[PDB]
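It is the complex with one fewer protein chain than it really has, and the rest are unchanged in position.
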Amino acid sequence: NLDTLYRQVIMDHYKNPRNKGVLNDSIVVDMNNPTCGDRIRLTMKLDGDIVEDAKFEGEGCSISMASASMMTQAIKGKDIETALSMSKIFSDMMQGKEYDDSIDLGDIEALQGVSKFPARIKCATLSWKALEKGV
Amino acid sequence: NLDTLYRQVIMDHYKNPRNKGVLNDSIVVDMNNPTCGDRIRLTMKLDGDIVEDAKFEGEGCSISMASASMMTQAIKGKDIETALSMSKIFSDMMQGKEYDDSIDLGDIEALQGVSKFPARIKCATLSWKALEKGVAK
Amino acid sequence: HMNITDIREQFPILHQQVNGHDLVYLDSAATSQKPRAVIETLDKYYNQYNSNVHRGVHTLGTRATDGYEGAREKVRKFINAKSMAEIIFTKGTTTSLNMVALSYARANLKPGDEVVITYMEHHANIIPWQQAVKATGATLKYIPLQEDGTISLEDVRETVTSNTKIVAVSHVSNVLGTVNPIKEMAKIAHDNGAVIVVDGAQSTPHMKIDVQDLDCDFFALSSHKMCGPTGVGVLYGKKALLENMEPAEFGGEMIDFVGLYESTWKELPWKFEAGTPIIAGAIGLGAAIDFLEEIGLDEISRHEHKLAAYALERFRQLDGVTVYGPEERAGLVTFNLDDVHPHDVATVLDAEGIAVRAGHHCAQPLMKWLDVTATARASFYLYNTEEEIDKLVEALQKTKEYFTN
Partner (left out) sequence: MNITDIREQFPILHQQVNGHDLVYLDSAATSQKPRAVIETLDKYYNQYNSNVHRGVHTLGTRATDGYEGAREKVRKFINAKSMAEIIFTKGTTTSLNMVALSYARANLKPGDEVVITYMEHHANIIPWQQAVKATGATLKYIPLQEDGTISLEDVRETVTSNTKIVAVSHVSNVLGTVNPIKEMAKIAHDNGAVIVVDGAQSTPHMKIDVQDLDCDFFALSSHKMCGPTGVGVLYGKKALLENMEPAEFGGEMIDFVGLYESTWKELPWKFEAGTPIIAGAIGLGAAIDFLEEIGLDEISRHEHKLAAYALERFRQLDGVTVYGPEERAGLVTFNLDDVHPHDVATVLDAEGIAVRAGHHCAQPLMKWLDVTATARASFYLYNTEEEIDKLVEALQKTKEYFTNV
C-alpha cells in the first residue's frame, strides 16, 4: 500500500533527522522544491577533495526531509566523485533504471519506493540537487 | 454554370467603372479588404447631409471594384443616415435574409448572388465598409 | 435542473481507475475536464474544415473563418459585452493580464501614479504590475484583508486615492474561495479616476459574468478552466480603452497598411490578434460556452454552493483541520491537516484515487499572509458529487490516522 513508500527507516529519519543545522566556514546553498513546501539549506565543509561534514536546515514534507537526513549522513567522509556518483545512482533509482548497486547507499535505498510515486521524485530529489549545485 | 451569378451588369461595372477618380475638399477614407488584395480609396464631397459627389479609385477583383462602382453611382445624391440603412440592408442581403425591398436601392442587387460563394462577401462589402467608417464621427 | 449522472456521463476522463480506485477529480480550480461536446468540436474541426482564417478564398477557409468569428460572437454574448470589438482571443488569462500591463499600464503610468492590487492575488495578477510600475516609476499598493480573508469596501476606499490609475483584483480567489465585490470596487475605482482590471479566471467557469453590470474596464478569462481547450483565453476591454491602446504584438492579421518603415493597425478586435489565431481552440471554447449555457451557469453556481456548504460542514467535524477563508465561498476548500505536510496529504489522497492540489496555488504573498508554507486544496465543478466529498473526507481521516498512530 502506502507502506511501500513510507518505509520505517524513512519515517524514522523524518521524525529524527540526523545532520540538523547550518554550520560555519562552509559552502552553503539553499533550495526549494517547485511546489513550494520543501525548503532546504545545505551546509557542507569540504576538506580538499572530500566532505568532512555536511549538515542541513529545512522544513517540508516527510520524503524531502528524510531524504535530506539520509543523504547528509551518507556523504560524511566520502569523496566528491563518489558523492556525485551516489547522486547519479539516486536519480536513476527514482526513475525505472537498473542502477549500479556497487557503492553502498545505506538507508537511502529505502527511497526506492517513491519510484512508484513520481509526484514526490522532486520531493526526494531536492536534497541531492542541493549537492549538485554545491559543487 | 453556378458562376453565372457573376451578373452581366456587374461585369459592366468592372469593365467600365462609374465614379473613378479623386474628390478634393472632402471626406477621404481608405480601406483594404480583410481578404487582402482589394484596395479602395473612397472620397466623398458632401453638401450637408447628402453626398453631392462620391468617387473612388482602387485595385482589386471584379466584385469589389464593381460593388464600389455601382455603390458610388447609387450613392451619388443619397439622403440621410438612410445610407446606413442601405448598408444594413446590403449586409442582410449577403446573409441571405430578405430586406425592406425598394427604398430605391438603385442598381446593384445582382450582388445578391454572392450570398453564395461566401468567400467573396468581404469583396462586395469593402466599398460599403468604407462608407460606414466615412460617417463614423 | 442539473442531473449529475447525465452531466458526468459526458466526461470520459472521469470514468477510469487510479491505483485501483474510482477517480475522484477535485482539482478543477487548476484545470477542468472536457465534455464530449467540446472534444468532438475539435475532432470535427480537424476532420472536416481546418483551413486558415480571414485571408482565405476557398470553401474550407470560409467554414473555418465563420467558426472562429462565430466563437467570438458566442463569447461576447456569454459575458454580455456590448460589442464584438471588445472581445480579444488570447493564449489565456496570463497573456490577457500581461497585455493590459504592456499596452495600457505602461502608457498611463507616470511617477506618482498608483497601481492598487490585493494580498490574495494570483501571480498572474501581481507580477505584470510589478514590472509595469517599475518601468514607469509608479507605485504598487496592496488592499489589506480581513481576518476571514475577505476584503472590506472600506479598506478599498482607504487604499484607492486620486493618484490611483489602475485597480486590479481577482473576481474569485482560487485559494480563499472569496467572491470579491467587483461591482462596488469598479465604482470606487471610477470615483478616483482609475480603471479596474478583473482577473476572472476563477469566476467565469462557475458563475454568470455580465461585464456591463460589473462595469469592469478589463476582464481576463481562461478556456481550460471552463470545460474548454487548453491554450486559449479571452481579454475583454471597454471599446473606448482598446481604441487608444497600442497592440501587444505585431505581425500578420493585425495590420491594415504596411510601408517599409511604418504600418497602420486593423480595427478592433483584430488589432490585438497577431498571426494565425488559435483557431481550433477558439471554436472549442465556443462549444464549451454552448455546453455550459445549456446547463445554466446559475444552476452550476447553485450546485457548487451546495457542495461547498456540505464540504465545509463535514470539514468542521474533522478535528485537526484548518480551513482557510470565509463561510460564503465558491466551490473550493483550501485546508491543512495538523502535523501532516500537504505533500503527504496529496500522496495519500491520490493513493485513494483523489486528485487535489498542494502548494502555494500560485499565491505566494497570500501564503505569507496566512503564515504557512503550503496548503492542500480540493475544488469542485459541475461533475462533482456529495459522494466524492465523502470519499475526500474519509481519505483525509485515513491520512490523519496513517501519519499518527
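By written order: A, B and C. Residues from 1 in each chain.
The criterion applied here is as follows: a contact is a pair of C-beta atoms (placed from the backbone, for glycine too) under 8 Å apart; a residue touches a chain by one contact, two chains touch by 3 or more.
Check B:3, B:47 or B:101 against the missing chain and you find that the one touching it is B:3. The chain that is not drawn here is touched, among residues C:19, C:80 or C:385, by C:19.
In the full complex, chain B contacts the hidden chain through residues 1-3, 6, 11, 33, 35-39, 59-64, 117, 119-120, 123. Mapped onto chain C, the interface with the missing chain covers residues 12-13, 16, 18-19, 23, 25, 27, 30-31, 33-34, 38-39, 42-43, 46-52, 55-61, 91-95, 97-98, 101, 122-124, 126-128, 130-131, 140, 142, 222, 224, 229-232, 249-253, 255, 257-263, 274-281, 343, 346-347, 349-350, 354-359, 362, 364-365.
Residue positions on chain A in contact with the hidden chain: 32, 34-35, 118-120, in rising order.
The definition used in the following text is that only the chains that are shown with their structure count from here on.
Taking each chain's centre as the mean of its C-alpha atoms, chain B lies 43 Å from chain C.
Centre-to-centre spacing of chain A and chain C amounts to 38 Å, using the average Cα coordinate of each chain.
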